[PDB]
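Single chain ahead, by itself, as structure tokens, in the form deposited without this ligand.
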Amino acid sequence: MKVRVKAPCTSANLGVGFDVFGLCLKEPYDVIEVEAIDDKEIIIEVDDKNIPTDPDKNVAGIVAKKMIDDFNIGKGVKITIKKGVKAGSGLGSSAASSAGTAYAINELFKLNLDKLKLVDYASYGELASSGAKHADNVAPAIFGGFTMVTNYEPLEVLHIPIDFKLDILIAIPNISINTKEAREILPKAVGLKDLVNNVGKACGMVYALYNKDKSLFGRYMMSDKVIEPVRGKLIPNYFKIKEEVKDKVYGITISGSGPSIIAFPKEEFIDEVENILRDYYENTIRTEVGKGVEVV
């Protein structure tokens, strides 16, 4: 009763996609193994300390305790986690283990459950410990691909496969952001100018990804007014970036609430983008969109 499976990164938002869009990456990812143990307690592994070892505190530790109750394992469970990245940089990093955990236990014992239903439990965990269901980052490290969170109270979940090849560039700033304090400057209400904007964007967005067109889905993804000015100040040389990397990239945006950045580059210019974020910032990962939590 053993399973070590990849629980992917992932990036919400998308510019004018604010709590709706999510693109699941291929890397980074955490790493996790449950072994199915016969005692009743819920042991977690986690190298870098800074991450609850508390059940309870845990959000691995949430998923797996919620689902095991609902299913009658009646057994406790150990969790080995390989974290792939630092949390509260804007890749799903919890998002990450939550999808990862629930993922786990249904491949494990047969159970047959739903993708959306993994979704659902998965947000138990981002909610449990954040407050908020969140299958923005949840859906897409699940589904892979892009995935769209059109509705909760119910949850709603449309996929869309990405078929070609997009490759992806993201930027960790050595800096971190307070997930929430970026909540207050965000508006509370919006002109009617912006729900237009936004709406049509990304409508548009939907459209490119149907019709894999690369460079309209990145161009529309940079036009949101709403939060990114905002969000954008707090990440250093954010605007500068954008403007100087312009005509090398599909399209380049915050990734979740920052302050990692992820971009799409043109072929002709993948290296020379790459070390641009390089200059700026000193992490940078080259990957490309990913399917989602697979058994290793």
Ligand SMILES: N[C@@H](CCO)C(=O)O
Second form
Number of protein chains: 2
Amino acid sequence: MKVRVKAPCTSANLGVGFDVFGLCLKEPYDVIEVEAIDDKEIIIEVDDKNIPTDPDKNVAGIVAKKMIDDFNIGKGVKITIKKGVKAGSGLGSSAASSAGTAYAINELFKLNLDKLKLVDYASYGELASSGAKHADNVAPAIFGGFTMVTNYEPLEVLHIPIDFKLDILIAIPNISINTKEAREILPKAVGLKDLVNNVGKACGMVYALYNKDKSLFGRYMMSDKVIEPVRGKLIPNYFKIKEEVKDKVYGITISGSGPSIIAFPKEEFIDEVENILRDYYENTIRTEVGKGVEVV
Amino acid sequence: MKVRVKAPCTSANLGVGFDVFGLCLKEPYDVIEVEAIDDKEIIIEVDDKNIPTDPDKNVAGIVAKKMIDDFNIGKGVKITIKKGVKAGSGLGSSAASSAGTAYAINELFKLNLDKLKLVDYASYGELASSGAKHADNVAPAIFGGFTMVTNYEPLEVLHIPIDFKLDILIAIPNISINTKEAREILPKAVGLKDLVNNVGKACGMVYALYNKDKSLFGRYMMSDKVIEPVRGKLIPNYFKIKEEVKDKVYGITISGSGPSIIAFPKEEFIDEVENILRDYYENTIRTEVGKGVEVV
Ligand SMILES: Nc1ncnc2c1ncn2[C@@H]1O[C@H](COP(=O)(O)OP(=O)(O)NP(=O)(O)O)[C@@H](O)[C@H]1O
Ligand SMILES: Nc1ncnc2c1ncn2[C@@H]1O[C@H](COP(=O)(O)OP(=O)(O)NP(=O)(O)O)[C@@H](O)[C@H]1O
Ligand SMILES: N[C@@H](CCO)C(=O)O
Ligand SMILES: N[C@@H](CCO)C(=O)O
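Next, give the form deposited with this ligand bound, keeping in mind that what was shown is the form deposited without this ligand.
Below is the entire complex, every chain and molecule, led by the chain shown above.
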């Protein structure tokens, strides 16, 4: 009959973890309901008028069709989506719809697929919306916590639960940034030295999570000199904001391909950091690490 | 009066951890004795006739002088070295002398320096022998276990003890490879895709150690396509050996800049893997993860 889920926004890259790291947020999230229908068609309703309802264009339809065909399911589905945040915000909006749909289809048709497989299916949605089957936003959307996409073909995802408090502040600019473009402006090659820096800093972030060291995690997160300095120039006041909250956060960086900004405020300055972000971007939210798609 | 230590060989890079990762071996090692002397000169005796006795050229003399001057120590030292393995073997031979000396000087003159500082001093020895103040061999020589050099200026080293059994086989070709040259032949730039691969795989190796997963650790270790395929062409029969021990090891790769080869054999095939390595290289040894410089 029907399955309804909340599918969370996620923050990919986290600086030196470009195309690998992902952190699941508790909010915002999409509320997605999938209902099996007799007609073998996929019908989509979405509250954001800028998101297509064509099932071959909305990632929810792309993922549902792939799963329905792969399991010879003989039904269609009506998918209703209420968006947590607009597309192109750097908060994994489309990944929320892809992952929420994969999860919902799995439940609705009792496919008993494991999390890795759900991420793999959701990534077919990311293929379409970004032109690349990247799984770094759909992985945390499904697994919750912190994930690392460590291989493709075949997809491998390593998950590290965050079992300690990690306050998150997200500033969401009203402008949007197209991920494909955000990737084209990136260097085609990086110096051996950046390879070494990013590998060391990203490994240090993994060590930091196992040691529950927010300070180390946040500081290493801000050491990327390859991607973040580039995308950061697309975001109004981004560098000014970083300087203004400098000693009041464990770290702050671009969420995904931007323009949203993700900050991990120190407990002592959370209200103040939130007020600073809000002065620049009215749409600022306080959240924490989420647990992934779940029924609602 | 005198301090004598065993300073271990170490295996740097471990594939995707190039210039970051280091693993301390239990053997071979240098046996180094440092004796305070009244004359303010540094005298060096070494059993390998191809290693200089000039204190400005032997890394033990370079490190001792730096420490003696930095602490206004008013004595000279006589340093006697019995080498575990020749220089240019890819087993951190010079780092063993640098680290063993830093450690010995610290003990002899009761400097009470922490491990990080000892690595920093030892790295002055690596500056001279490789033209680069790399700390990826001296870090594990001092800390023991697995280390990651995650920053320079200032040096930062993260240590992960290996508290599970990890058998190591090392094949030591009679030829030598000069590290400076081994680095010049490396690509000056790598594609974004290799950046992503190596960051993900190296982070996966860190996750693997915390999860005591030798299989994952060894498999990711063999995924570098940037440095290992290049240096591997300098080592006779290296690729043939990799294929021949393919399913009998968790992983096998080049130790440091080569030509020595480091393999982590599966428990079931250890003798067989050792015999295979020995058929190609008579000088093959079986060892395990070491604990770093210690008094002997
Ligand atoms: N259900 C959906 N939800 C959001 N976006 C969708 C959806 N279906 C299709 N799209 C399209 O996919 C693109 C954006 O997906 P979105 O997740 O916002 O990615 P982004 O622009 O790459 N930024 P990031 O949040 O970093 O992944 C736009 O072309 C959307 O119209
Ligand atoms: N006490 C010493 N022990 C070993 N080598 C020394 C020593 N003092 C000076 N050297 C010189 O330093 C160079 C090699 O140092 P070594 O650690 O074997 O480095 P490598 O050639 O870079 N390979 P790797 O094992 O990967 O670090 C040669 O030029 C040596 O003569
Ligand atoms: N890793 C992708 C994530 C997009 O959310 C990028 O930054 O291009
Ligand atoms: N990371 C260095 C180590 C040398 O032991 C290299 O491979 O050039």
